[PDB]
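*Asks:* The residues making up each chain are set out below.
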Amino acid sequence: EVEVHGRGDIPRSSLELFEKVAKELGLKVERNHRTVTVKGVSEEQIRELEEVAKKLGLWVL
Amino acid sequence: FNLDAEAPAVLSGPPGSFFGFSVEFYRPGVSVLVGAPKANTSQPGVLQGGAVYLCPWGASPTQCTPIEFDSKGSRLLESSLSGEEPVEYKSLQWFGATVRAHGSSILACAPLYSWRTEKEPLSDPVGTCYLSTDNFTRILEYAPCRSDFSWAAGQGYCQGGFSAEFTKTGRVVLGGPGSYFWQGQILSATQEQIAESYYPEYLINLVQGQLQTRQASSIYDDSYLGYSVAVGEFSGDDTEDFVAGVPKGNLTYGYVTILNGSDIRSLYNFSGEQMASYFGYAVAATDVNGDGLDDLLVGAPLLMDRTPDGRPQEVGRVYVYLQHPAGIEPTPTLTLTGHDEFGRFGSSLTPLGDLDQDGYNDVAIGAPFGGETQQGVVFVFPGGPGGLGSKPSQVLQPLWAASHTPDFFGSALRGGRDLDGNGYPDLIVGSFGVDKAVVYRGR
Amino acid sequence: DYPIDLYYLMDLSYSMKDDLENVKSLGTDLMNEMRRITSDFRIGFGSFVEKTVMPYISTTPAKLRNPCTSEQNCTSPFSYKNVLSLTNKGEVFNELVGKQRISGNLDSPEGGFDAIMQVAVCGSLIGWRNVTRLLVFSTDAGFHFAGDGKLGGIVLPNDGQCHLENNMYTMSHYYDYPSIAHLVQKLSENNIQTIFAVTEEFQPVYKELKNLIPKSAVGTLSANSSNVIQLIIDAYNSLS
Ligand SMILES: *[C@@H]1O[C@H](CO)[C@@H](O[C@@H]2O[C@H](CO)[C@@H](O[C@@H]3O[C@H](CO[C@H]4O[C@H](CO)[C@@H](O)[C@H](O[C@H]5O[C@H](CO)[C@@H](O)[C@H](O)[C@@H]5O)[C@@H]4O)[C@@H](O)[C@H](O[C@H]4O[C@H](CO)[C@@H](O)[C@H](O)[C@@H]4O)[C@@H]3O)[C@H](O)[C@H]2NC(C)=O)[C@H](O)[C@H]1NC(C)=O
Ligand SMILES: *[C@@H]1O[C@H](CO[C@@H]2O[C@@H](C)[C@@H](O)[C@@H](O)[C@@H]2O)[C@@H](O[C@@H]2O[C@H](CO)[C@@H](O)[C@H](O)[C@H]2NC(C)=O)[C@H](O)[C@H]1NC(C)=O
Ligand SMILES: *[C@@H]1O[C@H](CO)[C@@H](O[C@@H]2O[C@H](CO)[C@@H](O)[C@H](O)[C@H]2NC(C)=O)[C@H](O)[C@H]1NC(C)=O
Ligand SMILES: *[C@@H]1O[C@H](CO)[C@@H](O[C@@H]2O[C@H](CO)[C@@H](O)[C@H](O)[C@H]2NC(C)=O)[C@H](O)[C@H]1NC(C)=O
Ligand SMILES: *[C@@H]1O[C@H](CO)[C@@H](O[C@@H]2O[C@H](CO)[C@@H](O)[C@H](O)[C@H]2NC(C)=O)[C@H](O)[C@H]1NC(C)=O
Ligand SMILES: *[C@@H]1O[C@H](CO)[C@@H](O)[C@H](O)[C@H]1NC(C)=O
Ligand SMILES: *[C@@H]1O[C@H](CO)[C@@H](O)[C@H](O)[C@H]1NC(C)=O
Ligand SMILES: *[C@@H]1O[C@H](CO)[C@@H](O)[C@H](O)[C@H]1NC(C)=O
Ligand SMILES: [Ca+2]
Ligand SMILES: [Ca+2]
Ligand SMILES: [Ca+2]
Ligand SMILES: [Mn+2]
Ligand SMILES: [Mn+2]
Ligand SMILES: [Mn+2]
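Protein chains in written order, with my numbering: chain R, 1367 to 1427; chain B, 42 to 484; chain E, 64 to 303.
Hints may contain errors.
[Unchecked claim] Calculated pairs, DSSO-like style, for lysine-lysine (alpha carbon to alpha carbon, straight line, at most 30 Å): (1) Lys87/E to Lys144/E; (2) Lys113/B to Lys213/E; (3) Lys1394/R to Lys80/E; (4) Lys1420/R to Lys1394/R; (5) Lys1386/R to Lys87/E; (6) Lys80/E to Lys1421/R; (7) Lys213/E to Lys126/E; (8) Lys1389/R to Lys1421/R; (9) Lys144/E to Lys273/E; (10) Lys1420/R to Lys87/E; (11) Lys209/B to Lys213/E; (12) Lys126/E to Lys1420/R; (13) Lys1420/R to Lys80/E; (14) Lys113/B to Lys126/E; (15) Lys1405/R to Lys160/B; (16) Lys1386/R to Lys80/E; (17) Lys160/B to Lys126/E; (18) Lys80/E to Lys1389/R; (19) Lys144/E to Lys126/E; (20) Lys1421/R to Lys87/E; (21) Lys1386/R to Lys126/E; (22) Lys87/E to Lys162/E; (23) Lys1420/R to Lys160/B; (24) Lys1405/R to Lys80/E; (25) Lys1421/R to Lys160/B; (26) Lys1421/R to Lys162/E; (27) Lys1405/R to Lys1389/R; (28) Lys152/E to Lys162/E; (29) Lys273/E to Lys87/E; (30) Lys249/E to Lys273/E; (31) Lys144/E to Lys80/E; (32) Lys1420/R to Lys162/E; (33) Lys126/E to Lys1421/R.
[Claimed, not checked] Distance windows between CB atoms, simulated: (34) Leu117/B to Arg1378/R: 38 to 44 Å; (35) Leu375/B to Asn157/E: 56 to 62 Å; (36) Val155/E to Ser312/B: 45 to 51 Å; (37) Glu126/B to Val155/E: 45 to 51 Å; (38) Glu161/B to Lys87/E: 32 to 38 Å; (39) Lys432/B to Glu1385/R: 57 to 63 Å; (40) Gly153/E to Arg1378/R: 30 to 36 Å.
Source of the hints: derived by calculation from the structure; they are not laboratory data.
C-beta: ideal position from N, C-alpha, C; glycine also.
Assemble the whole structure, with the sequences as input and the hints as a guide.
*Replies:* In structure tokens:
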């Protein structure tokens, strides 16, 4: 699983975009307050999600 | 009552050094430890590293001398020399901002110390505490918040050592307000564990058996847990239990948490009364009513109250909770209110022991900006069968004339020790605004 | 008719990337609305993010230039910056509001209380007159107050004096955040009424703050700006 926090002084309009992109490839999504987490995706998928999260400025664990 | 302030002994440090930010006793030849956050140490490449001064009590001029806790400067980055780059930043680290001594063990913390992780060039103020054990035979480093979690989402901005305490059995307690996006954290470790797991070769060191709180959901962000720490027996066993302050926890109302002491599991919560009152700026635990069970005191300096006329003035308040044999009630048993506008009343509390020697413990409450000339003031409240008294038994004010800069008198207190040996406890008050530290003795 | 003076305090932390358009629309709607009920008024605006010290911002040399992500550009942080003094020519106000850019920061709360204190105290520089004064405060985040600065090594309480140099706040690193009582006293002395145009999510906390500060109102910030506009109208019509 991948935890994408994005809880600092960053817009909520970027984090939401992540939830869109994750929903675009048809996989899991779980949202807590100002946090999202996606479960057990793949190797290439984890690379892609990490790249997008970095590009939008979110901290990805 | 019996606290002679005709001519207190006054210790003077270097100018422009915040001498007296934190004070403590040390009796392994009794002596007084004082801090100096902005002190010019002799270690190379360090600017205003800060230090501690061990003033040996007894000498006629009590000429304070510093303690060489660390002589090496900022450590070079490994494999960077293979120009060089500092792996840490000791400049303006505020070393000595918290000094606590138990037995022959000394603990001096540095909250503002920041280091650059090897993996990424980011910088984060982890903060470190140096622990000198068995007098000064060996001195170890303790950085419980310098873990592998790098950024602010981890323990990177934890600023451990911002508050610290020793328990009865020598267990070391630290509080890091900035951990997990300023959620706060309480870390605990015995000295023996630190010594066993000590390994200076590696910067990242995991102390086995360490107790700490875990990361909570994003609801509780910016709580500043661990802003102030204390100890006391509340559960009912022989193990001392932690007390932590959360000034901005519940919608900036703040609260105070009591912990299980052995598992760090929340036991009691005490909520604030007014928004943005900083309820939890300083906490203390002592047996005010002499029942044999520790009682809680919580300060809030920014609390405002309506004047009789109606104008809202900032005074500050102190809440006192008495621990009945059954349990500790969530309604403050007694509240003390300040009387000086912008006085910051209750920003530092300290138990004093049986100063009056009548069978009840007494308390001392500071006010950095009270008094006629806004120099500072300290109030001494007595105990009794009904609890804490409502009227200040004794008032202490600085002797020297006011300067053009605040004196911050009473911003750091410590008491409950028989410094001279006359059989009564003594008090020590910090005045770092003009770099002073005064000592009052019992009669 | 009564004369009126209004000053617009904008938040420009990185969390405003989703709200910048709403703030600009609110500015260009305050101007074109209050130029219809009073006919004699002056407005100006300012901006703020946070103090520039060790904990509140990233002190690494790379992030000082671009506190935001590497993809976006952003401008370096600034504690407070009075950009336009009070004036009546609306074209200047519109053109200056339309060119604002966002800035970065680390911690979620923003230090707007320094900006409020400086606006309240620095009278001649901003251009306050002996006339009913209004202050609209737009924010997407919480707020600091006294006691936070001790994290960054700042312990001197905010003295409440005017320290503006070259239309910029220069004593951010030297003074603590003002406590709530200090703001209450200064606003009550200067005869300034505050209207918080905060985002919906922070409605509760600011509403509680509305209890502490006398003669203050709280609306909501969105594309439909009508709430704070009607608050302005209500405040104007209640004068006597
Ligand atoms: C005093 O006041 C403080 C706060 O001011 C109180 O502390 C709060 O206590 C409450 C409960 O009383 C906590 O809320 C609950 O927390 C957990 C959530 O899981 C947590 O604990 C787990 C313990 O094993 C742990 O696994 C979790 O770790 C998670 O970490 C992250 C989450 O971000 C995630 O990535 C991991 O995978 C883990 O999931 C985490 O630490 C839980 O009990 C509750 O949520 C559950 O609620 C029900 C359960 O019946 C269920 O239906 C839900 O689906 C959900 O699972 C709830 O959130 C709160 O977190 C505490 N806050 C703080 C700051 O510590 C304290 O209790 C007060 N004391 C007193 C005496 O009143
Ligand atoms: C415990 O140590 C103190 C402090 O001295 C420290 O430890 C020394 C070994 C050395 O590293 C010093 O620089 C440290 O400050 C001893 O008290 C006196 O310390 C002063 C200097 O602060 C020194 O000049 C005196 O000689 C010390 N006193 C004596 C009697 O030697 C203290 O004595 C030590 N306790 C013991 C030995 O039981
Ligand atoms: C520590 O020492 C340094 C010099 O080694 C001091 O820096 C200078 O201090 C003098 C006064 O001694 C000032 O006039 C200069 O402007 C300072 N230069 C700087 C800051 O670049 C420093 O102030 C000392 N710190 C103390 C005494 O706390
Ligand atoms: C957070 O603080 C609020 C404000 O004090 C608390 O709400 C209070 O709740 C108590 C009972 O629990 C009531 O007596 C008060 O009147 C309430 N105050 C207000 C202003 O409504 C709230 O309980 C606190 N939350 C937690 C989790 O401690
Ligand atoms: C404080 O912590 C101790 C340590 O966990 C708790 O003692 C435990 O109590 C439970 C029963 O409640 C026993 O099953 C455990 O074996 C005990 N552990 C030890 C080592 O004594 C104690 O209950 C906690 N006190 C509280 C919750 O107030
Ligand atoms: C930001 O814009 C300026 C415009 O002058 C440009 O020079 C600079 O390279 C840009 N920086 C980034 C990080 O995009
Ligand atoms: C407002 O009144 C004050 C107080 O007398 C005075 O100093 C100031 O010049 C006056 N300003 C105007 C514009 O009349
Ligand atoms: C805003 O909402 C109100 C709701 O009554 C509506 O009348 C008004 O036309 C709306 N204005 C905008 C900005 O569209
Ligand atoms: Ca216990
Ligand atoms: Ca008791
Ligand atoms: Ca007594
Ligand atoms: Mn923001
Ligand atoms: Mn937003
Ligand atoms: Mn911020």
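*Asks:* Hey, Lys1386/R versus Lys126/E, does the alpha-carbon distance stay inside 30 Å?
*Replies:* Judged against 30 Å, a Cα distance of about 28 Å means the pair holds.
*Asks:* Is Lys1420/R close enough to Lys87/E, meaning Cα to Cα at most 30 Å?
*Replies:* holds (29 Å)
*Asks:* Decide if the proposed pair is consistent with the structure: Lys209/B and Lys213/E, CA atoms, cutoff 30 Å inclusive.
*Replies:* Judged against 30 Å, a Cα distance of about 29 Å means the pair holds.
*Asks:* With a cut-off of 30 Å on the C-alpha distance, tell me whether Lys1389/R and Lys1421/R pass.
*Replies:* holds (17 Å)
*Asks:* Please work out if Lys1421/R and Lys160/B have their alpha carbons no farther apart than 30 Å.
*Replies:* holds (19 Å)
*Asks:* Take the C-alpha atoms of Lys1386/R and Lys87/E, compute the straight-line distance between them, and say whether it is at most 30 Å.
*Replies:* Satisfied, since the Cα-Cα distance of roughly 27 Å is no more than 30 Å.
*Asks:* So does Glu161/B sit 32 to 38 Å from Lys87/E, Cβ to Cβ?
*Replies:* Once the Cβ atoms are compared, 36 Å apart, the range 32 to 38 Å for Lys87/E and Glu161/B holds.
*Asks:* Take a quick look at whether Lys213/E and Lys126/E sit within 30 Å of each other, Cα to Cα.
*Replies:* It holds: about 23 Å lies between the C-alpha atoms, which stays within 30 Å.
*Asks:* Quick one, are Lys80/E and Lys1389/R close enough, alpha carbons at most 30 Å?
*Replies:* holds (23 Å)
*Asks:* CB of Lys432/B to CB of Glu1385/R, is that within 57 to 63 Å?
*Replies:* holds (60 Å)
*Asks:* If you draw a straight line from the CA of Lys144/E to the CA of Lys126/E, is it 30 Å or shorter?
*Replies:* The given pair, whose Cα atoms are some 20 Å apart, holds under the 30 Å limit.
*Asks:* Between the alpha carbons of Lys160/B and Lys126/E, is the straight-line distance 30 Å or under?
*Replies:* holds (16 Å)
The structure agrees with every numbered hint stated previously.
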